[PDB]
Amino acid sequence: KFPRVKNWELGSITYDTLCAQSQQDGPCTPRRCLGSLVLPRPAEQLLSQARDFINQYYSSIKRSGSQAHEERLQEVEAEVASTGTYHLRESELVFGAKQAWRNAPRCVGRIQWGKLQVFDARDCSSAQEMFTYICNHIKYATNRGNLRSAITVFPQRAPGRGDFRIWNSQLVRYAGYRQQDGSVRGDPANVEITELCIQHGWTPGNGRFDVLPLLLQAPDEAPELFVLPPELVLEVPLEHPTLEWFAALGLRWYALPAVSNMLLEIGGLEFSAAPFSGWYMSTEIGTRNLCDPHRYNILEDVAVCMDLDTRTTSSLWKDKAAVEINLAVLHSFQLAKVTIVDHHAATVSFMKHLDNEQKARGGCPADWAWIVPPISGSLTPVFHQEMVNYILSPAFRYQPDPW
Amino acid sequence: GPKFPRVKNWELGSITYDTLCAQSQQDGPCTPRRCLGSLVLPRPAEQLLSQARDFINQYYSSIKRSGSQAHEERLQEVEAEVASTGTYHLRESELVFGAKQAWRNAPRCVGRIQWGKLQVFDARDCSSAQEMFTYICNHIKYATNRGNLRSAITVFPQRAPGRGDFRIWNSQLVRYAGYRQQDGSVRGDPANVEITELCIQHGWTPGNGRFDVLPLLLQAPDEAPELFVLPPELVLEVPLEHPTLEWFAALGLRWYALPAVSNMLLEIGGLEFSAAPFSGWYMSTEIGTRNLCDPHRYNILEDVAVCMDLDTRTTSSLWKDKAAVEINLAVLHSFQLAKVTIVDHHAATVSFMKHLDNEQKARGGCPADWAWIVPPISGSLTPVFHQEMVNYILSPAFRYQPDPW
Ligand code: HEM
Ligand code: HEM
Ligand SMILES: Cc1cc(N)nc(CCc2cncc(CCc3cc(C)cc(N)n3)c2)c1
Ligand SMILES: Cc1cc(N)nc(CCc2cncc(CCc3cc(C)cc(N)n3)c2)c1
Ligand SMILES: C[C@H](O)[C@H](O)[C@H]1CNc2nc(N)[nH]c(=O)c2N1
Ligand SMILES: C[C@H](O)[C@H](O)[C@H]1CNc2nc(N)[nH]c(=O)c2N1
Ligand SMILES: [Zn+2]
Numbered sequence: 069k070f071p072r073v074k075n076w077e078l079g080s081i082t083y084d085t086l087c088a089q090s091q092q093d094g095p096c097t098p099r100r101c102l103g104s105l106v107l108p109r121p122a123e124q125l126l127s128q129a130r131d132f133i134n135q136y137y138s139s140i141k142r143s144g145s146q147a148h149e150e151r152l153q154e155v156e157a158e159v160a161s162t163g164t165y166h167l168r169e170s171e172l173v174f175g176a177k178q179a180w181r182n183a184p185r186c187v188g189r190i191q192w193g194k195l196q197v198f199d200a201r202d203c204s205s206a207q208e209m210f211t212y213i214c215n216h217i218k219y220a221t222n223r224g225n226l227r228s229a230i231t232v233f234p235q236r237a238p239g240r241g242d243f244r245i246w247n248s249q250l251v252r253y254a255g256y257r258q259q260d261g262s263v264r265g266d267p268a269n270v271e272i273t274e275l276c277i278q279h280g281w282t283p284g285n286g287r288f289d290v291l292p293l294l295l296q297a298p299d300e301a302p303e304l305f306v307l308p309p310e311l312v313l314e315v316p317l318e319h320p321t322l323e324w325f326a327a328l329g330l331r332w333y334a335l336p337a338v339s340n341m342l343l344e345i346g347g348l349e350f351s352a353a354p355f356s357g358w359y360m361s362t363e364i365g366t367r368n369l370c371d372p373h374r375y376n377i378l379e380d381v382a383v384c385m386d387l388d389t390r391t392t393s394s395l396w397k398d399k400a401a402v403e404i405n406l407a408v409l410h411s412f413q414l415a416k417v418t419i420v421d422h423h424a425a426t427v428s429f430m431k432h433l434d435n436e437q438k439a440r441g442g443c444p445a446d447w448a449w450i451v452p453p454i455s456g457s458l459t460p461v462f463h464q465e466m467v468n469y470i471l472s473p474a475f476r477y478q479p480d481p482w
Numbered sequence: 067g068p069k070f071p072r073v074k075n076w077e078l079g080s081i082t083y084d085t086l087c088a089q090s091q092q093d094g095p096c097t098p099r100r101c102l103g104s105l106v107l108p109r121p122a123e124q125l126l127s128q129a130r131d132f133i134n135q136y137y138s139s140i141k142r143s144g145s146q147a148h149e150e151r152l153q154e155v156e157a158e159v160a161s162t163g164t165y166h167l168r169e170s171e172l173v174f175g176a177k178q179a180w181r182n183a184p185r186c187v188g189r190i191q192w193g194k195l196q197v198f199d200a201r202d203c204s205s206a207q208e209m210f211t212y213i214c215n216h217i218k219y220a221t222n223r224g225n226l227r228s229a230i231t232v233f234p235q236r237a238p239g240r241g242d243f244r245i246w247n248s249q250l251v252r253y254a255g256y257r258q259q260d261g262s263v264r265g266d267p268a269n270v271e272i273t274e275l276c277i278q279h280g281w282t283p284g285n286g287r288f289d290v291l292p293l294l295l296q297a298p299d300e301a302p303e304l305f306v307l308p309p310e311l312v313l314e315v316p317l318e319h320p321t322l323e324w325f326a327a328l329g330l331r332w333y334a335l336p337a338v339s340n341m342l343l344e345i346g347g348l349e350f351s352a353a354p355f356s357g358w359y360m361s362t363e364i365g366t367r368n369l370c371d372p373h374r375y376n377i378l379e380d381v382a383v384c385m386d387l388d389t390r391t392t393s394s395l396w397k398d399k400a401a402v403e404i405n406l407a408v409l410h411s412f413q414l415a416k417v418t419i420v421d422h423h424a425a426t427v428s429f430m431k432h433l434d435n436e437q438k439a440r441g442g443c444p445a446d447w448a449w450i451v452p453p454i455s456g457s458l459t460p461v462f463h464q465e466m467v468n469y470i471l472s473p474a475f476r477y478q479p480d481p482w
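One line per chain: the protein sequences are B and A, in this order.
Numbered by PDB author numbering, the letters in the first sequence go through residues 69 to 109, 121 to 482 in order.
Numbered by PDB author numbering, the letters in the second sequence go through residues 67 to 109, 121 to 482 in order.
Misleading hints may appear alongside valid ones.
What the hints assert, rightly or not - Each computed DSSO-like pair below joins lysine-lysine, with the alpha-carbon atoms no more than 30 angstroms apart:
#1 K438/A <-> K194/A
#2 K399/A <-> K416/B
#3 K69/A <-> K69/B
#4 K438/B <-> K69/B
#5 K74/A <-> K177/A
#6 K438/A <-> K431/B
#7 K399/A <-> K74/B
To be clear, the hints were calculated from the coordinates, so they are not data collected in a lab.
Required output: the full structure, derived from the provided sequences and hints.
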């Protein structure tokens, strides 16, 4: 019934009762845990989700069971009964979006969940307009390096008509150019989106860090290409506090992590284009982006620069280099005055978040494999913390590529 | 298409489906409503017969004699015995098979590529705590093999109806004392404060150091536990030093060569072996990262970073990470110098990938606990990090069992 959750470093125990609020099943069954998989494969439905969400709204403002609450419940009844769907009021949308971040079990930054700038772009009718809204988002969220978390919510989905979509997986992304030699110049994760941009008429560059254009799609239309004005995209040259040669590698990364391919579900309405951004955790760039073998794969290069025995796993040249790379990322960002959090600082804040949520809701959904950083896992206190995973709504969902 | 979990490796983009999980005859802690996959501890008439029937079938399959006369006769024999004594007994080769099979089946063990190479010492004749001591000494001798470590297990007599258990009170055959201090701190290993205290209560004269080898608390059926001291020539230890940081040897850190779990239950065809200590060789992260750096263990991260002249005042100097790497490097280096088997987390994980491929061929899946397979340092630097894994309970199995006190 109520799962007991232990911290093995401190011996402290809690119980999770938040999890009974889960209405949507996950991948696990008593027979097998699929906790580690990245993704598994009427108008009563929508009405109860809407009721439930409205309740969570009026409760959150301590106006639960009062008049405005009843008359807004009726408003929805009346809208679905007539049109099979309904619309949200701006502040309710502001509630959902925040709450969808709060509920994101794979997110280590949720201490921040309350601080979210929310742009209503539901009055969008063209890719043209989408681009404008996307551009104000980037400008707002960047703030010359003092990054501020934002979301922009484009118009909701609708029965028998195409979705508004952002084809790009993030708003700022580096091209992947499939070379003759079968190698990849640029970022390998983006080979395919790079190819679509080119198919839709973009003139490519030939560098390792070419900011990709956006492919924006308004309902039932071919997507349209838009180039991000290069002065909007803040970038950070990478260099190392003590290693003088690192900078020559000409390595760099963009300041703004902004997801743009995820669906936002609130009270049963679905928002198919609803990009959000906060700030980077250094390990995302220093460990995964630069060090994954199927990414920029810079480990060996760097270790050879460092002059390490590469001929053997037992010298730990991988672990040594990986650390220098992460350090170079932190230093560089801190030097260019651009918000970044290290994995130690981030997981410390996460632990306090678990605590706040414990008092606030009786738990916190959390995905241990995603919350523990890609290096030095057991050196952070999340490593020792048991965690319960489950789906609460409002939620972000993964959605399949629009092509 | 397939009616089974799909399993993807995100580095190579390769796909497999786990069909072995259909074999699982025991439920874990997850439900469709919520995943409890990271809990360390999750919360007989016909029953025995069917577990027994299943294991026998497993044994006859492994010898490619499924359906044969010896097979149905062994089944008949086992039923005859249960429907008479309420229990039954494994043949020698059945025990060797179930033991290897339990190691094969263990989701949390990264070292399973070695599963087929296990020395199984039978000790189901053992009848006193003195004799347990003897068996254990023999085991340690054999497994340590002067540094050239060899996987082994020693099986003591099974649970009986109306007879007490064989038990090794110690969680490991070799562990350091943890002495609770005047000032609240712990000298030694804080993991072992209780067992240390229990040893002194049962008569041990304690030492006063950070690395004192504990004595054994051994419990024959229905008796008080008797205390036994391992002769020091039997416990191989490695003094720790760094390849280049010269001051590291001056810390007087050290570890023992033989990781030997001693408190686990070994379940085979429903029979329960409450005392069946098993050992292999260390992966270097266990010593260098968990034992030496956990805040609730030796906790040497700060001492070392100070020596390294790092900025411990701020997180973003990655002082924790830099020191942790050296400590790990010193573990590897010192074991390698002293000629004691060890495997670094890179090589260990590569070979587990290879173990996954083999098992995919042989059984159609491999139960594995992601959070336990991925090493505590440099996680995504290892191929296991990008491998999805299905976790489920197969039997034969090893289970955690509560302390006997
Ligand atoms: C404010 C600073 C933030 C930090 C430091 C942070 C950190 C992270 C990290 C490290 C991940 C794992 C990323 C990976 O390995 O791919 C993640 C995932 C996630 N974050 Fe946060 N995040 C932040 C803000 C936000 C914001 C503003 C939102 C939404 C408004 C958000 C929603 C999510 C979601 C939905 C995921 C799941 C990723 C997926 O399934 O693709 N995060 N976050
Ligand atoms: C031969 C080299 C071996 C290596 C490198 C190895 C490695 C490991 C590691 C790193 C762990 C995680 C332990 C922890 O984090 O505390 C583990 C757990 C485990 N190992 Fe292995 N192991 C080896 C041999 C064996 C053998 C011979 C057996 C049994 C016959 C075994 C059975 C297990 C079991 C049952 C666990 C789970 C323990 C628990 O849940 O407490 N391993 N192993
Ligand atoms: C196949 C697949 C499934 C899935 N659920 N997510 C993804 C994308 C995962 C992913 C990859 N790179 C980047 C991110 C964004 C990470 C991110 C997001 C935010 C908002 C802040 C921050 N510091 N970091 C997410 C892929
Ligand atoms: C509460 C709890 C539950 C559980 N299942 N295990 C434990 C103890 C886990 C544990 C701690 N230190 C050490 C080990 C064994 C490590 C080990 C064992 C073997 C045989 C080889 C090898 N390389 N390493 C296991 C505690
Ligand atoms: C297969 C495995 O679940 C997958 O590689 C996960 C592991 N943990 C992760 N954790 C984070 N934060 N981000 C990731 O992309 C992943 N990848
Ligand atoms: C909370 C978490 O499940 C727990 O701390 C686990 C994580 N992974 C681990 N993995 C191994 N190999 N050993 C451990 O003790 C742990 N601890
Ligand atoms: Zn699970």
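Hint check:
Between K438/A and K194/A the alpha-carbon distance is near 19 angstroms, which keeps this suggested pair within the 30 angstroms criterion. For the hint linking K399/A to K416/B, the alpha-carbon distance of about 24 angstroms falls within 30 angstroms, and the restraint holds. Annotation: proposed proximity of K69/A to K69/B holds, straight-line Cα distance about 29 angstroms (limit 30 angstroms). For the suggested pair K438/B and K69/B, the alpha carbons sit about 19 angstroms apart, so the restraint of at most 30 angstroms is met.
At most 30 angstroms may separate the alpha-carbon atoms for a hinted pair to count; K74/A and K177/A meet this at roughly 27 angstroms. The straight-line distance between the Cα atoms of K438/A and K431/B is roughly 45 angstroms, outside the 30 angstroms bound, and the hint therefore fails. Using a Cα cut-off of 30 angstroms, the hinted pair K399/A and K74/B holds, with the two alpha carbons roughly 29 angstroms apart.
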